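Work the whole structure out from these sequences, hints included.
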Amino acid sequence: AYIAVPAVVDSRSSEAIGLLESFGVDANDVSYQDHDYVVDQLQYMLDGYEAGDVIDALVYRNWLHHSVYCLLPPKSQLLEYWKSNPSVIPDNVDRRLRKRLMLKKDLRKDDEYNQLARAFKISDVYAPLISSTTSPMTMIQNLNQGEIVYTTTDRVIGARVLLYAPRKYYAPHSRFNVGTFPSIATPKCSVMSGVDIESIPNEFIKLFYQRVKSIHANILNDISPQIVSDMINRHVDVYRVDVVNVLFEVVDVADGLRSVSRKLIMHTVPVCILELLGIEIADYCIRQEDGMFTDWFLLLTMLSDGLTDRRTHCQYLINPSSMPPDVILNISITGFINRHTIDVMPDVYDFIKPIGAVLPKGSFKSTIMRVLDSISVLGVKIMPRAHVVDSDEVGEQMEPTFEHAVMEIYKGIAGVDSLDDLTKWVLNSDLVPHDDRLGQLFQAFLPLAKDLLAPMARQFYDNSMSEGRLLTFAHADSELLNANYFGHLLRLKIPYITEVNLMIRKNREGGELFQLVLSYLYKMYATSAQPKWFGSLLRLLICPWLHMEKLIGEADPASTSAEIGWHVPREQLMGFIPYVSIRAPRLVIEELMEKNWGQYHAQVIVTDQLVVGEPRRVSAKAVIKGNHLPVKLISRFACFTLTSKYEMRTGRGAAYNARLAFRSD
Amino acid sequence: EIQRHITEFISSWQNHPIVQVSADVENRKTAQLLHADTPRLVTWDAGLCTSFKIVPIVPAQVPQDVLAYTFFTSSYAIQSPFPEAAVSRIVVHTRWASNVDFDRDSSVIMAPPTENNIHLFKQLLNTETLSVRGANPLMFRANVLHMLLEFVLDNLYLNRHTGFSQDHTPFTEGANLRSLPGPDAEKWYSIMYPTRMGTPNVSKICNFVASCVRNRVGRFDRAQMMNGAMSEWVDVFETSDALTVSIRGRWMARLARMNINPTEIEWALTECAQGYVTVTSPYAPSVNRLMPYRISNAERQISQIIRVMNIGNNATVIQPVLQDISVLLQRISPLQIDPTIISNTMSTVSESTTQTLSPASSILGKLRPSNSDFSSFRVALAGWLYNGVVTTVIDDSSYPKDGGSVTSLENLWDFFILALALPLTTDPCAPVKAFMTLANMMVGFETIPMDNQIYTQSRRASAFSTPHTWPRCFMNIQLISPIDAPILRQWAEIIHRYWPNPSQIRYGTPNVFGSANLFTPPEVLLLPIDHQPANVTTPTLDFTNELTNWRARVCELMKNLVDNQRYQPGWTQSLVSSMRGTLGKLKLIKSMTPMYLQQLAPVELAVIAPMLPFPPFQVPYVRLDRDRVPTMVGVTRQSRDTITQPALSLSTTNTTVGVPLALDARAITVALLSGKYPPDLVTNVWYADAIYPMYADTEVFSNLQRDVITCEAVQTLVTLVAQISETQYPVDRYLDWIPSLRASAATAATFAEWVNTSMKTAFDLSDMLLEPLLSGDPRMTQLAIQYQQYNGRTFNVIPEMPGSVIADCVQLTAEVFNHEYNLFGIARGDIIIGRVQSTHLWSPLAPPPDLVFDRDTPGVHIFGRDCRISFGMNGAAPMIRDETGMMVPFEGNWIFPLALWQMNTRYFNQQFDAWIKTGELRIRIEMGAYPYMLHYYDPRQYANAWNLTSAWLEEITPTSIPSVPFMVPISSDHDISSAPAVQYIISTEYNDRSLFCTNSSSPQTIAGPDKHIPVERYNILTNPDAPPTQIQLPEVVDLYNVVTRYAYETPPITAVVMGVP
Amino acid sequence: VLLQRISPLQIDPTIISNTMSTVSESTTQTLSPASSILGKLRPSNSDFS
Amino acid sequence: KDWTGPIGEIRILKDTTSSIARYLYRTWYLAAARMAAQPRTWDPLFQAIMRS
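Sequences listed follow chains U, E, e and R, in order.
Residue numbers for the first sequence, in PDB author numbering: 2 to 28, 33 to 176, 198 to 260, 289 to 628, 638 to 712, 719 to 734.
PDB author numbering runs 214 ahead of the 1-based position in the second sequence.
PDB author numbering runs 540 ahead of the 1-based position in the third sequence.
PDB author numbering runs 401 ahead of the 1-based position in the fourth sequence.
Source of the hints: derived by calculation from the structure; they are not laboratory data.
Where a beta carbon is used, it is the ideal one built from N, C-alpha and C, also for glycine.
Each hint should be verified, as a subset may be incorrect.
Cβ-to-Cβ under 10 Å is the rule here; a few derived chain e residues that face chain R [what the hints assert, rightly or not]: (1) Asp552; (2) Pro553; (3) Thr554; (4) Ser561; (5) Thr562; (6) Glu565; (7) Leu571; (8) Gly579; (9) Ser584; (10) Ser586.
Rendered as structure tokens:
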């Protein structure tokens, strides 16, 4: 039996991962194949040939007929190796050619050797032979015959390649086997159907499976993970989180009767949050006595990367208000249809540097800055409020502030005075803006946004880079680009309607419709780049820490923790500020004691008074000179905080060429 | 309106367009044409084929006073096939007990009727309906049609043979019970076999079960073909749904019509190869497999028409196809480049160093080889498969740039290049371009008469593109004077005599592959040149064919030109002799390319052409005949004003299709002058080695499967749109009692978008089905194609529309729905609002005939267009006016249309509701069709319907109405004391087919409406004289019949047809 | 303006765009007829005053 | 409004836009479509030369 799963399977490692219970199969007899090398071999295979020949060749290959390649030096070193110390010449050889090879001190002057060598072919001796002009189909079709295949080139696909000569001449089954490529040559070979072709994270397995299901879809023996669990029976990495989707529906129980309105889906919630919140297939009220969402459905919608319905397939942004064109108040969860892993660590996060998250104007900030401040998984704090900079704060240290500065833009438009008249002039009864008038307002908004805000933002962000590594919210995309912001640029959105948020909140300090107009100004000020689903940051923020305590937990607080920070020598006249903080098991921090923390230099200015009831502290300022810190310099196995202020354990202080120092116990 | 503008904003947010095809699609058309995916045809169902589940509503009174708890089977935890409840109804739910491979993403899932089922009927066209409840009553027919389409498309499965087990209880006579898989399967057997239950009581279930036939349970027929193998098909008695059984029987009939066994697969892959590779198929008793691939001819032709309509005047969709066939010819062709043969042969041309001109060295600069010259030759070789949509011409830059005198030597070589390159292209004006190329170069040297002052002799030869820019002096050679233009008189006869001759080559396998060509017969391809099959397989250089003759006579014309007496004394003798030697050698160059084009290229075009993602599309080639040059190949996709016949509406409602593409003339004649063979080539070894990896794929077998769905969805579209619009095709309409609006072209286009989206949601498709037809006017659609010659004579092809399965099954489901509208949550007729106060226990879904009235009832006032209400003055009664011009008070029996109430739903409520509640008038509101709730009530207590019916009357809107609420009493099994109940809304027709049984585990029903187990459904059990196959399907659905269960396997083609390498 | 706001008809831009396809490039030298008429028609949503 | 969703990391511009950017779009689009159809960009030697 041979089934196929949508993930890279190695025999020694994916057993340690388990990798089959991760799709949802309860489970010896299950022997794993090593399909690690075929993916890199496929990547080397694709750059020369086309796609379809390579894929349609690899499809027709069984993974039980065990075989191997053979690679030989082309012609001159082939005859030279037979000339050399081994006389291991096969019996297919020419009777005259082996006789001329068994002699000593052959050279160019030998006409009798050279005349026969210039008419000698490799295909005379070795058959079947893969040359460079052969199709990829006939390579595998000839490979499925005779347990060894002779080649000429490296660029082959299939089994392992072994070499014939030394490099100086060149230029075990069980009953159930899993793999990552569906075979067709056996009437019985199977493919699992858990996840679709849209959530496969390898980008070569995805390209393979789309082409397989494009043409061979009728003849695939298809099974589900429940049927796999029927057929079977009768170090620990972080940043790999199982995800599922919630198939729910909104119900409207008025009094007695209930109705069903929509049939929604919520694409990539993590499984650990669903386990720790303890939710099941039942009904739920998702509103409080006020009408706010009750602090767990809010977190579920802030973890996902999508929310659509199932009858049509358009994006569904839910209503956060309580005005009833469409109020979502009751939820009935009905199942979980796909399950796979995901690498939570993104691509853009390479060097340790501050995080600029771009949210729109009416997104929920006042709730998430309350919730993220109140999380603690271990003896650390994940994201305190003192490390978070609002989008508001950058334009407030100014002669009358940027909101009030563009509040008086009305002086300059003909027929416009008394700001309510401007807000009546721009928006109609629909509160959708007119096409020209919003741009006519924007052509006066824009020099106030660029020539007045951006130098102050550049100065403020230099100051914020100096006094620690923080997280900075931002309204628009270009607000972090016209000001030369240094850090990771994150474009985010929430699954909610940000517009009707702007009419719920009172105490807005100005026109309540004016801030909706100002939100439209920022929405048009930004560039045309696609934002990336706030759950893409929130899973990074929460889910590695929550997975950490299941295996770091109660080992010892002294020797699971360690911290990185800048170190000044003791010889000073009147020191260790922290940079990150790392919590890991014992072997990982023992592997962190090496990888020396030199080749990283700053210039610490350290002068302040004691400020709070905690012990002696001076809020220093470190400015990194050299390169910033890579993450693979730390680990893949050790979680670390992202934001930190600067302080050390009276007198004064000056510019100190600091260095780092890994301390632990 | 501060809070109200938020509602307006959200209601203008939620009306976003569902279709965003505003961007261009011609980057996706190319990928679809080069590689279209297969649909998913065969899917297996291991459960039991049903769609109706019997749901309980009100639980039974399992403790009571008049009967002990030891009577009921529920006290002993005995599992029963039916819910032991007080009221049981039938609701509709597709694919419960269905362990499918994967779902079609279709579902008609319904709540029980005590809940609200309005969300199924506001799905389609209610963009502008505000409330959560309520739907537009002018959308009901389109909503029901989409619901029936989903209901059909959710049942397209094949039944699977799971496995049996003989029982050990004495409940049956040792019968063989089915075992169906799943996580929890020990409770399906009570549901699946009603007659297996023991009979303790005189409860209604036990009165039904013990009054049936015993030997109709489990297995009764199998086909055992081999020892120790799966049985291929069985026939089983179990709970089923005869509509679903009918749908899956028709689907199995279609897939059994598509079936082939590997013997003709062997024969077809031999005939397509033309013997150059052979394959095998075994000779043994079969294991009864199912490989659906053989389709008809018209299904292939229709998809060919749709693809030709896709490539419309674009030349960037069809360019990668010719570029693909270039690489595919390059893979298996034996010919190769040899660029050095001209540079070798021009090393022995006798000339003098003293001269300034050099005829030996001018050709090598004019005709430089660069090894990328077959990339422009194999495209011209591949363009012979398509003259209808592709017309390969010579590039503009390959012409001598405003004339060029014949005294010049470089332009004289430039003439030779074009004269060799022009017969290869499929452009019909190639001979007149070849003639005018010389006639441009001879201006003031030799003159011939023209047609006008515009297309003169000096008019550029590339400007002759239309087949009647041909000069009269070209088709009458006598008009060219033999003594004042003798060389043009020569070249005209050379064109009229030695131009190549078209032929035909016979590709294709007509049996398995449906032939795709139109305007040519099947199993034939047309070539521009002549071919002769070779007798030898060790080929060698010969000089007797049309291309070598053409090269020789162009060289001899240039020899007569250099030997002309007006042209020679302008030169010296050492230059004339060198040019004559160069021409005499260039005639006798030794290249294999004219022999290859004669003998081997027509074989390997026919080898390739069936195995091709876009099949050949040709109109007839012709040399030199002006009257048979084809213009305007054109497809249609719609009719016009009132002409409903395609042969009449074809000539004025088409779209001309086709492109020219440009190739250079240098690279074709480098290929023609320079080409050689391998050293020891033997053709029956070379082609047998080359063709063998090509014929292990199955992509053409996937395209044959896609053409089924591409022809099927068109007839599905026509049949479904004809139920709401006025088309020309003869269809059968059933849903006229359901009201709808007068649909426009925008409504028809939107409904057709929903049709093909639901069509490609099932079958697992991801690109571009039926949008070429969808882009304009889906009401009147038709498919045809035509071209004409120059003389106005038109050929045309109107392919017939073959049999469709989904379009038949939708009409079958509508025929059932006409008699079982109740099960899908729809009522028929209209309601009568009036105060009825009594203690009786009749049900409002079956009212007594004393309370209803119609238009034929004497003394009933009818209200129409005219709704004018006069108020009351000084105590007189207010009045409303009749249709006949009378003026009546607010009393009696009235008849409204629903739209009259909807247009005046505020002004009528204040005037009428206080009179309906307490006074003495009763209003009949004509609707035709409506959904309904069911609020039950305990019949021992008081019950007023006014809070329900006032909430129904106040939610009526010019857009929508909510579902109609009723009040049905709860039946009991012992005597109860009666309390007065007031109800206002009753029905008119019978409306109580949805009820299954009342007091299921009880001896009798005394008070309230009763209904026993319906004997007319379970016909096979209760009637001992009926055959087991019999279904009375257009009237009732019977919920139990024999179903066949297959165990066929679907292997790939290469698992049975090997190929012998 | 009043006659625009009463009318049932909305002038959509997408009917010409779903047919004519600015891509076309029939020849290789200059613009096609299909891409040349769209440069004149300009199916933009400016106004239809 | 004059963008669709992403094809990976690229949003496409719908041709019914009201702005001037469609005339910038069609020149680069036609340029790419006409350079990709050239035969010289597909032999491996010219790709090695442009690597060099």
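Inset, instruction - List, from low to high, the hint numbers that the structure doesn't satisfy. - result: none
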